[PDB]
Amino acid sequence: XXXXXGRXXXXXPXXXXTXXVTXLXXXXXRXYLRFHXXXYXXXXXXX
Amino acid sequence: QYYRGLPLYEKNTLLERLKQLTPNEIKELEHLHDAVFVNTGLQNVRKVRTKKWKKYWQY
Numbered sequence: 052x053x054x055x056x057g058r059x060x061x062x063x064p065x066x082x083x084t085x086x087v088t089x090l091x092x093x094x095x118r119x120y121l122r123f124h125x126x127x128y129x130x131x132x133x134x135x
Numbered sequence: 441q442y443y444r445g446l447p448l449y450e451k452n453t454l455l456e457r458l459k460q461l462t463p464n465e466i467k468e469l470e471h472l473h474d475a476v477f478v479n480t481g482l483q484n485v486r487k488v489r490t491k492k493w494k495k496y497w498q499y
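Protein sequence lines, in the order shown, are assigned to chains G and E. Counted the way PDB author numbering counts, the first sequence spans residues 52 to 66, 82 to 95, 118 to 135. Each residue of the second sequence is one higher than the last, beginning at 441 in PDB author numbering.
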């Protein structure tokens with residue numbers, strides 16, 4: 052019906083500023121250290 | 441009014457506008473229509489999913 056010259060345009064529904087736009091194509095119209125290895129009792133203990 | 445995203449057209453005024461346009465502008469038309477269709481679909485799924493997520497958080 053609406054198809055024009057081999058083009059299948061059929062599958063279409065047919066029934082501030084106020085600009086006007088064209089329809090169908092819109093455009094303007118833990119762990120804490122332990123004592124060892126912490127450097128005491130490694131220089132100490134006079135007993 | 442709108443079919444999916446597109447508004448409804450009238451036969452008489454429509455059959456003139458599409459006669460006006462150029463084959464170089466049909467591709468742009470297809471892509472604008474894809475954009476509007478997918479945008480409407482995403483709007484709908486957004487509504488549905490937000491309802492379901494509210495129910496999920498409540499549960």
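Worth flagging that the hints you see were computed from the coordinates, not collected in a lab. Heads up, the beta-carbon is just placed ideally off N, CA and C, and yes, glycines get one too. Treat each hint with caution, since some may be false.
Take a look, some chain E residues computed to stay more than 10 Å from chain G by CB distance [as the list claims (entries may be wrong)]:
1) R444
2) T480
3) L482
4) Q483
5) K495
Not everything, but these chain E residues come out facing chain G in the computed CB check (under 10 Å) [unchecked claim]:
6) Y442
7) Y443
8) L446
9) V485
* Asked: Of the numbered hints stated previously, which ones are contradicted by the structure, given in increasing order?
  -> Going through the list in order, the structure violates hints 1, 9 and respects the others.
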